[PDB]
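Undergrad: Here are the chains, one letter per residue:
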Amino acid sequence: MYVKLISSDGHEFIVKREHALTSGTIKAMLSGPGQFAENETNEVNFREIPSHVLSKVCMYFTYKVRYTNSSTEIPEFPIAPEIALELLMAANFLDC
Amino acid sequence: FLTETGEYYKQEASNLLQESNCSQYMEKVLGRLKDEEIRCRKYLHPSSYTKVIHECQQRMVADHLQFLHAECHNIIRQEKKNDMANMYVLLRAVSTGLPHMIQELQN
Amino acid sequence: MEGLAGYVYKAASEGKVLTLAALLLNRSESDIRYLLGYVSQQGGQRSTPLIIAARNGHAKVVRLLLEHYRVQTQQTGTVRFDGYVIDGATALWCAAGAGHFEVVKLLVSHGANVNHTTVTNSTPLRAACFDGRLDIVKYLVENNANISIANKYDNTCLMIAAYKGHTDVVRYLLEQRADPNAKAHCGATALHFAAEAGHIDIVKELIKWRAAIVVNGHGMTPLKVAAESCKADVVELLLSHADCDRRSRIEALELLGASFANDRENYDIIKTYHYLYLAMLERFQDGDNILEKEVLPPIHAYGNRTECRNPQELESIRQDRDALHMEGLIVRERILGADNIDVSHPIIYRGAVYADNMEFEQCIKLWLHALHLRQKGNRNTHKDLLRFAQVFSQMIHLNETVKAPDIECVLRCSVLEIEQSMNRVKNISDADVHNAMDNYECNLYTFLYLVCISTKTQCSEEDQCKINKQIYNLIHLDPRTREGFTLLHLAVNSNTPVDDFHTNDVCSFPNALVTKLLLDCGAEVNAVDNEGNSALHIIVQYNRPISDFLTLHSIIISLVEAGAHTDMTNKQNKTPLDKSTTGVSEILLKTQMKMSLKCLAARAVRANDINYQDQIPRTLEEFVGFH
Amino acid sequence: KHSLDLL
Amino acid sequence: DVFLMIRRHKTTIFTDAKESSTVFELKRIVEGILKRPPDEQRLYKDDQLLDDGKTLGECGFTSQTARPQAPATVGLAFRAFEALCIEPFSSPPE
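Chains as they are written, first to last, in my numbering: chain A, 1 to 96; chain B, 1001 to 1107; chain C, 2001 to 2627; chain D, 3001 to 3007; chain E, 4001 to 4094.
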């Protein structure tokens, strides 16, 4: 299943749902009266997360679902100094 | 609820013995024990499925254990196959149940 | 000269007359016989060049091979596939099976055996009418073909022709004085086959031929088979035969209405009600000679409704589909005796439809009745248990409390079916040993899913006691998968497959609760497969030791504290620490490894190969074999 | 859907 | 084992294909998740066209380059053909 993530730039960020449920609030956003049980779009809009940070959090979703159990080498996540501050705030907001 | 179930089934057991012998009483109790199992399943929490039945069995069998044991002799010595099946499943529930019936059947 | 024979075979198969003539040019009689007559293997088929030419219907190749080379038309080979491994069939049989009139004519003119018999006594006329060509059948019959020749199951050419919807061949066979009262292996005649095939014209031709209606070996009339086939027009033509008396026709009408009451493609309320109304009127009209049906006592699985004796009872339930389905099921199992092959399948379909819209309990009881009927019929129910565990998996996924006595009865059905598959694979030979083993593995996996969903539910003390008693019974049965996997090995293996339905949402392996329940029921913790791995070597290779570390640690401690030997050595001299491939499992097991002098001494004895036979206690000999 | 895979 | 970032004008899809897989099945995945016919979906790779015949093993999507921490990106354009319409997200300096 695929869910959409909308930034403040309008960038849709379609991500497989099982990877996108690692963050707590995206699980919470799709819960309650935001389920929309028709399986047509299944989108959540972030009014205060820029696109250059949703890209990083989606890359982290894929990275974490890939390396959740492979405790072999666990390669480091590449975080630029420019992206470092807003990425922390986004992970805090999403409980990522 | 268990105090209400205990009181209500004590009243039911007292009512049944006034107008029934030892053969029809077991059939009615097994009907009530089956019905109480059904109506304590679609009403109560699954953790209390056995406490209501246990309280139901004590009031309708264990309290009237003397009545069931007194007619065990006539039930067994006449080879009543239908009544022995009802008494066995009844007396198996209570603690001081089956032994005397065993001591009857062997005899 | 196998290469030249293969080239000739390829030329005959492809129909290249020029290539065949070039390869057969300047060949002696011995070379001609070797090139024309050799059996070649291709595509799982053993065939001669003439046989493979006749199968593809190459008239030119056949006439070239038979006019000059005078090849004998008695070649043997394996023809066709998909349940047909018939051997010894000549070119005429291949040409008749593929419906090639010219090849059959050429072979007959050249002198082929019209009455040739294959391994399963298959006349070429039987294959000719199997394909559906009248000209071939007529030519063979005019060339002295015996229709009465049948196979070991006694299926004549009329029956194999009546299986399909070809009126002309069966009509010509009837015109050639075919015996209509011939009996198949299970007491069946061509009338039953025509009735189940749903061809009104074949049935009317047979009854004009005075088919001499007789029941089958199982005990049903062909009219009953027609009723079971949901074929209204086939049933509504035998009333003119004036031989069904009154009971047979009314019971056939009731059976046809019952078949109308539940079918995957022939389900309709209005027609079923109309047919049941007609049957009720025909039964209640005369009054003096009224036919009273014997009503069975009310089955709990058959709801709480005991038939519909009153006409107004049937009239009032005209607006309810469920009562119509129930009465149709009851009359169907009453007429068929609840011991026929096609009794349970409509029950299963009705249950599936009833379950497709969140309705559960009546589905469960109909499926229970179908399971009981199939068990009394000695029929495997692996698919039934699989779909039923799927239904409970969907129930648990939708936070619905599954009723526990249903789980008890279904688990007892599962262990009964597993025992049946056990003694089946004990008695079944190599013919279908693979299929029997596959059904056995399916039964094992379904039981595992049922155990998982049982552990995902909450029940009473006595209910859990009964469930664990049944699991104890199956454990003492000691099942064994084809790889030697015991009941415990599969519960801890992540390689145990789970079907694509909702069972993936609940029944995920390895499961801590399933393994704990198996160990509480006295599972053989030190059981060894044919590979050699114990119940502990299998788990420690788990590839997800961190995300679900709880269900790894729980199974490890449950195994170790019960009876597991942590140092047990498999057939490849591998300690469970050696077969770990994971630091988490390795050190988690090391936290449970109580070192013993007995194990160190056993390792020292095994390593240097001391002859320990009869010099130690017998329990130590298998202990040394452990290490 | 249980009806589809009944076969 | 090879992770891709499908890039439309603004849409982006994070897919996970195998080491050596055909372009046809990922094209079908994109069709299924956007509900569009395949005749207007052509996959790019650094301003290089692709067709529905090649595979990721030789296209340059090495598993040592398309690591999920920084997946290799591809482009799509949709025709009612269009060229690359990749828009950078943003970059606010510290």
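If you are wondering where the hints come from, they were derived from the structure by calculation, not from laboratory data. Keep in mind that the hints are not guaranteed to be accurate.
Computed cross-link-like contacts, DSSO-like style, restricted to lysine-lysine with a CA-CA straight-line distance of at most 30 angstroms [to be verified]: (1) B:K1042 - D:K3001; (2) B:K1028 - B:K1010; (3) C:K2516 - C:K2571; (4) C:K2383 - D:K3001; (5) C:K2204 - C:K2164; (6) E:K4045 - A:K27; (7) B:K1051 - C:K2456; (8) E:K4045 - A:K16; (9) C:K2271 - D:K3001; (10) C:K2138 - D:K3001.
Taking beta-carbon pairs under 10 angstroms as the criterion, some of the chain C residues facing chain A (in silico) [unchecked claim]: (11) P2545; (12) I2546; (13) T2582; (14) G2583; (15) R2603.
By construction, the Cβ of each residue, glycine as well, lies at the ideal position given by its N, Cα and C atoms.
Undergrad: Determine for every hint whether it applies to the structure shown.
TA: How the hints compare with the structure:
{"no.": "1", "hint": "B:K1042 - D:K3001", "result": "holds, 28 angstroms"}
{"no.": "2", "hint": "B:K1028 - B:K1010", "result": "holds, 14 angstroms"}
{"no.": "3", "hint": "C:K2516 - C:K2571", "result": "holds, 26 angstroms"}
{"no.": "4", "hint": "C:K2383 - D:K3001", "result": "holds, 15 angstroms"}
{"no.": "5", "hint": "C:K2204 - C:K2164", "result": "holds, 15 angstroms"}
{"no.": "6", "hint": "E:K4045 - A:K27", "result": "violated, 33 angstroms"}
{"no.": "7", "hint": "B:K1051 - C:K2456", "result": "holds, 22 angstroms"}
{"no.": "8", "hint": "E:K4045 - A:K16", "result": "holds, 22 angstroms"}
{"no.": "9", "hint": "C:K2271 - D:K3001", "result": "holds, 27 angstroms"}
{"no.": "10", "hint": "C:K2138 - D:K3001", "result": "violated, 50 angstroms"}
{"no.": "11", "hint": "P2545", "result": "holds, 7 angstroms"}
{"no.": "12", "hint": "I2546", "result": "holds, 5 angstroms"}
{"no.": "13", "hint": "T2582", "result": "holds, 8 angstroms"}
{"no.": "14", "hint": "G2583", "result": "holds, 7 angstroms"}
{"no.": "15", "hint": "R2603", "result": "violated, 30 angstroms"}
Checked against the numbered hints above, the structure breaks hints 6, 10, 15 and satisfies the rest.
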